[PDB]
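A protein chain is absent from this complex, but the other protein chains hold their places.
Read from first to last, the chains carry the letters A and B; within each, the first residue is number 1.
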Amino acid sequence: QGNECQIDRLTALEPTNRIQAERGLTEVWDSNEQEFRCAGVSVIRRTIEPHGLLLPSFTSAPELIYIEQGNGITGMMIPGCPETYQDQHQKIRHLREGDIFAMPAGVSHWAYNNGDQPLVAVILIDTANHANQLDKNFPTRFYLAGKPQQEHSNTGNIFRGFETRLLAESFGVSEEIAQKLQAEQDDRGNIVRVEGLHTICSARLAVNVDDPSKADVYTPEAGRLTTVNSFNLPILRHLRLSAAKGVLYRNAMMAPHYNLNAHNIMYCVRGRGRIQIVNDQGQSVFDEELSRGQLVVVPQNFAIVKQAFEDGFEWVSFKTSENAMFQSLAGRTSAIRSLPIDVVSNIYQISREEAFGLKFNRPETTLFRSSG
Amino acid sequence: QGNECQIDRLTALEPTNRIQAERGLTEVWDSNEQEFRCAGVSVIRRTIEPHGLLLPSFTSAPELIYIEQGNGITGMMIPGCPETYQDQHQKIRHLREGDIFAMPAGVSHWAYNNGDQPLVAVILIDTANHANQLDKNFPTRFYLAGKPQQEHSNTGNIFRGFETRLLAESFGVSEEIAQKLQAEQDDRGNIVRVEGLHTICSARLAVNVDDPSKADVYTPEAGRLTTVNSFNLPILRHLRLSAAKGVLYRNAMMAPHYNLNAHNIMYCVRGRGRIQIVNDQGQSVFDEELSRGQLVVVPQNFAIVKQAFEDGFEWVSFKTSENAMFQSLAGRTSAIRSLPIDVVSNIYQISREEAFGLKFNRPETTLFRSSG
Partner (left out) sequence: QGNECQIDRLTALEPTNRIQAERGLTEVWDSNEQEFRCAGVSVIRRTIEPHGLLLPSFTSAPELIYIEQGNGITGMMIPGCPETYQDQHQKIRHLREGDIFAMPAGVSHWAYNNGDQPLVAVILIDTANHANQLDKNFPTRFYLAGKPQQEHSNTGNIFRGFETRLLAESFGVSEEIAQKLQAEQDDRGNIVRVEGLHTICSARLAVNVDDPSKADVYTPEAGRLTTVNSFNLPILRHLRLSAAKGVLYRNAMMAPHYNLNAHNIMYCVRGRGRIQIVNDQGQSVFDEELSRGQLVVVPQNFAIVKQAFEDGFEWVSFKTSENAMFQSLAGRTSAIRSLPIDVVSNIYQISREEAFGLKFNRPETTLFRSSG
């Protein structure tokens, strides 16, 4: 078939499946939605209650994680990295709100909310990544403990699969304890309640996009845009993903722009925006308001404008390539302004002075203060 | 299915659709042709009349452009590149005959023929490029002005898609002028008549293959071969495409060879040649004469020989990978000559002296002077 990107209708998408576990919630968007198929990604949102432990798992696809809310810690068990010092374990890293974290394909990991508010992560799973060599339709997830529900469609964690004897032998451990590995008798789900706890090897593997000094774009009382790519997060050189966080203040807008190289899974973090998206046909495929917890998939090259309402509008964009670049159509550093004025007047059939105003009437860069 | 490269018949291909615009012509080859599906490319040829302005557009796929005829200028609006100095615009670059230009995915651009003869560009659109994340069947093109016809299959340029108000607001411009953006009232097509006009940021993004000093191969009264790859055109490191131009003089031939790594879209620029192509089965899939404006798709690894006729034969080869490499079967630096003579005689069941002549009777490299 291969026509999933012939899109004339996009939708504000919300999770269509829930997975309730003892200490957390996993909400799964519908990966069958055409625009997800086009983008080749899946999105989940996990809400881990305080003292909740997301059991160790891995997925064949790389993930881009935004910590929407809360703080906690994630342990990554990267093969080959140094033990640490009783007890030994690999580097524990901290998760905080505003954090954009990169999970390389196959890397096993667990998370724990050691904070007071629920820990909330919005996870892009890039099933179409070159790194994912399993199926492209749905993420494949392998758990290392518990008896977790399938997240994307007689089952258990990978240990349940092995002959119990082999397990016991493997760990130099009793059979009875091996059965604990297999968690055949476990009903807690993928996020369990705990009490308390207590170069890739050394990098943070994250950058906090709430750090206003890191913004690439600010416009006085318009807002800011903060990019995560291969320069501030070098691992993204390997994942070939990037990300951005945007804040639009009351009635501010992001000029119509298109992303050159990447699909943009724009998740609304807070506020509300009139979002309009146009396809290659010059047809609007989207003209709706996005608010908390909704996302829209902006396909590569699809033109888009974001107009904040009175409460502003804030989003994280997961981008399906390395150093995704976009181009504003209006403003300073825009397609129009890059056009020689004669080209502008000629292509739009307007005066050299109408052209001028078309080019320069908008002095802001990318983010504008607007009236609502 | 995935059998589009099971090819037993190739065809001399010509455009199957025309798109007439006010100041230019766009001829589109049939991307459904099996060998195009196999190669994962589309080909167009644009003829821009003098004083003709190819409206700004972009496509999700990278393009390799050969300027077959004429000269003019192209403006590339690469996001982030410096303005220039009344008026400000991005770097204007010159296009001349023999130019092989690389357009990265998503980069918006316009062209203008400021010369006296029609400006003619043969464009390979590499829809199967990793850079293209939309559909693979047909190029997706987005225009920034006018009301252009679909080039590959109630429509308009991307601005037509937006709420007019939002447009006006975006540019700090009147509504009436915003409607000009949307060009709902435009009948000029994608190439309009104009009057006159007047690290990637600084590179030429082109090399002229008509520069005889750049030839990698010359053979006295046989002709020349000139390659564009990542060394003389570094951007091609990003596009993962390469190109070559070949000139065969009267009755000269390019020895049977195969390309190791890439499909070869060989477009005939001038002259005429008996071209023969063999598949993995040892079957001829092509044995016809190519002339002006026709192309054949040579699939990766398919063996091919090109025999010029009395007027010679000249072609541009667009190659679907980085630094595509080929191997001659005959001549100096050929498969046969690289074979130890005993291997040759043994595999061909011939004498050590028949073998010798098989190896050395052909002292030329790649291009030979032949009799017609």
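What we mean here is this: a residue touches a chain if its C-beta (ideal position, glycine included) is under 8 Å from a C-beta of that chain, and two chains touch if they have at least 3 such contacts.
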Residue among A:8, A:14, A:116 or A:163 touching the omitted chain: A:163
Quick one: say which of A:100, A:183, A:225 or A:266 touches the chain that got left out. A:183
In the complete complex, the non-displayed chain touches which residues of chain B? 2-6, 38-40, 253, 255-256, 258-263, 276-284, 287, 299-301, 303, 305, 307, 320-321, 325-330, 333, 335-343, 346-350, 354, 357-358, 361-362, 368, 370-371
What is the set of chain A residues that contact the non-displayed chain in the whole complex? 53, 55-56, 58-60, 75, 77, 79-81, 83, 87-90, 92, 104-108, 110, 112, 131-137, 140-147, 150, 154-163, 166-167, 169-173, 177, 180-181, 183, 186, 192, 194-198
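Note that in this section only the chains that are shown with their structure count from here on.
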How far is the middle of chain A from the middle of chain B, if each middle is the mean of its Cα atoms, in Å? 37
